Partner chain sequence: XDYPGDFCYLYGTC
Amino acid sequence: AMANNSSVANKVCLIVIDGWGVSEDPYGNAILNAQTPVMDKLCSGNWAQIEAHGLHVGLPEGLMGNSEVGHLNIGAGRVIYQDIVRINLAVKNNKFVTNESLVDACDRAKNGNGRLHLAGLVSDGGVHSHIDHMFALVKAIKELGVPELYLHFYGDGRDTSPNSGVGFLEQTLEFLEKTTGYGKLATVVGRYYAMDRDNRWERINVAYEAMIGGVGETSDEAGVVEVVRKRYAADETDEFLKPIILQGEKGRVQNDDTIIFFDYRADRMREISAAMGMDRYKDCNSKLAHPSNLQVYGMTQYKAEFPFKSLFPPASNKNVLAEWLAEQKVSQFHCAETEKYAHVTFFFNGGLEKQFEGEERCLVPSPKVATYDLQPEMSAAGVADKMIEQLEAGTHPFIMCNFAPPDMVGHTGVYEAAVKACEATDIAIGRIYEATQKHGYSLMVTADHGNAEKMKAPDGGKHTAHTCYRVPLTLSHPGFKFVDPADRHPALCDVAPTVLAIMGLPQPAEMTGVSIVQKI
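The structure of the preceding chain alone is requested, in the form deposited without the partner chain.
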């Protein structure tokens, strides 16, 4: 227990069912075709249906929710964005030209020798980068008035076809000369050399020396596409392109220059960026001098030790529900089956290992079976047991668990076992609800995303995937009325704030709201 447990106005039991969504279509809907009388009552009258997919939880529009994103958003009380989502939103709404770090890189150039470098993987593979981000950056840097911009094109062939690079090179060349009339291609080199992540500095050195010294084949805008096509016929593909050099010494990285790397994945950026921006050029052991007074910038942060500013730096995830309750000196309980323990732990608590002060944990072991359709109740009963024991104790004014059956059985695709899963989950919830009533907890049932509600493809085939359907949010306490946000659908990010409002605890500013209940 914790010193301010008595300040709590209403103790709360939160259940996160895993893979339990709301769908009107009953064909292959294991929740609808399962005896679920407990949830059928809890999901009626005062109850809400909230989003767990797509942008509502920091994912690309249209993408199904999943267990990690779900538990992250639930426990965080804010939307937890993917980096790629953050970047693409910024492209949609012209927020590059106001980006503080990008404005910083550009101002430094403008008040120095004004030379800027763009370097990254040029393709639409979308794993490490996107060429549209590169395009969007050139336009931005143009608007901001940087005098000179040179581009260092890293060839892909791994997240795209090995002979796709000519197309992106053509498309880059036309963009710079006809669309922006600004920016110049200075280098082409394969990601094999520039985006090594196994500390093979002899590979990095190839891209290093090309950028700073022009160690490659000379070409120009008129010839460069032919060079690459000749390389293809020599059996050298995008990934493995040896360097090509386009603007002479003007396009090299020189003294006092600024560099922006536009990849948003870090592992394959740490080496080239540390070679340019710290002391790792020494590992390349080049006979070339290292330029003086460089400053590097990254689309994202590649290593917190690095001094590099970032266009989209990491969110700290400060004052997620678990940390915040401990700050208020209120104690808590987290419980789950094996298969979902990282969800009520690592991910609920912000995506780290921290178990905060006053946080008590319980791991109920999952059954040892080959597939979970062979025991579709899994260990939900045991999880309920431990939760009911905490309700009898009354020690923790906030307790929570996860029930795995609906998701983990849904993934098998066996429709009738899914039905059993949801039946066994519903019985478990019913046991806790009885206990909350007897020991005066308010019960709240939600889910992290759907799954069980769609078990069949239109044609009857197995459908094992997660869904984009909304999920329930129930509240047994009759002095509150559910109310939607005025500006958006409610979403997982509103579970934690709503919890704190029922508990009479303040909300921390990092929790970008919002309680979706109001008192009667």
Second form
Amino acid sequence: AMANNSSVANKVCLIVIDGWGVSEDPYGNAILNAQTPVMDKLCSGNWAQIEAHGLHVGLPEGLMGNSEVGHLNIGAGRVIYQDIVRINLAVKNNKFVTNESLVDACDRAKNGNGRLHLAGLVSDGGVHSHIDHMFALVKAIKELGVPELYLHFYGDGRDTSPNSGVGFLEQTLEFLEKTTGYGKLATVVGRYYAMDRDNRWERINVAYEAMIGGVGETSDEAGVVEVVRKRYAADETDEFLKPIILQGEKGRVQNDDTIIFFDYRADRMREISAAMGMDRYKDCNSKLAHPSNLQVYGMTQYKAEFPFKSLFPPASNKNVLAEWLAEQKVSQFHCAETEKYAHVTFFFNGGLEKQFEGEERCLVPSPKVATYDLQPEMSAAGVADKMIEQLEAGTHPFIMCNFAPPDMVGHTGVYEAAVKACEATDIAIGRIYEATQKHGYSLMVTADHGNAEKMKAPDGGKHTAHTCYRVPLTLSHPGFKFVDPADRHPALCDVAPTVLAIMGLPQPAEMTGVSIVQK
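What would the structure be for the form solved in complex with the partner chain, given that what you showed me was the form deposited without the partner chain?
Excluded here are partners and other molecules; the one chain stands alone.
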């Protein structure tokens, strides 16, 4: 318990069903065709349908939702923009030139030796980086007046075709010469060497010695594409390009230089960025002298133990629901079975392992079966038992759980199993509902994304994935009507503001979602 528990205007029980989306199409629809008399009634009259995929939850458009993203958005009361979406917005709205860390890196160059490097994967793969991001970096750096800019081009061939490198090379050459008239290519080397993540420091060292010492094949802007073509004819493709060296010593990473890695995916940046700025050049086992007084910046955070500034550092996620309730001295209860336990803790609480004052947790063991189609009810009955225990106790003004079966049994593709999982879930929801009415709680039912409403593809094949359908938001309290946001569809970011309103509690400024009920 906690001091302000009774100050609440309504106690609230929040059920997050996993993989339960709203489809009116009945073909392969495990929810519709299951016996679901409880959700049939809760999803009628005054209920809402809210978005849980795509840009509504901070993911690229057209991308299905998932448990990690959905629980994060529900618990956070705000859209958390995924790196790709975030940086692409910055690029389109010309926001690199005002980016705090970038201005800081250019200021460092301008106040120092004038020299700045860009390094990263040059292609349109979109997994680790995007060439468009690098171009926007060059344009902004030019406008910020940095004297001297060098690029270190890492060849892809893995997220793009093995012989696409020469085209991105041509683009980059032409862009630097004709579009910016500013910036110079200094290095070309394959990701095999530059972007190892398996502690193969003999691979890293190839890239490192090219950047630091110019160890590789000499060329220039007139010749480098031809050099690459010859490597292709020799059967050495983008991923495996051995170093090509441009601009001579001018283009090496030298004493006092500044460097920006522009990849947004951290795993393949940690080795080379630590060789440059985290005192791990020793593992490269090079005979070259390591430059002194380097400063490294990353596009995103590569490791929290690194001293590097990030152009797009993590969302801090201050005052997600779990934190805000403890701040208001209100206790809370989070319950899931094993398969979704992280989702009601780590992810619901903001994507980090932090448990707040007054927060109680309960884990219900998932059944020990080979696949969950073999026990489609999983442990839903047990989660409901623990929630009913809490409702009868009345201790916690906010309680929430996850029900695993529709998502986890849906991933098996077994339609009749998915039906049984939706029936087990509905039964458990009905038992929680009856306990809430007997002990003075309002019930809200939602989901983190869809899944079990589409168990068959059009060709009748099994559909084992999440979906882009809307999810429910229900509310048993009769003193409220569901209303839409002014400017957009409702989405998961609105669940927590609505709970707080119903609870009579304040909304923190960091929750930029909105309550979607009116009193």
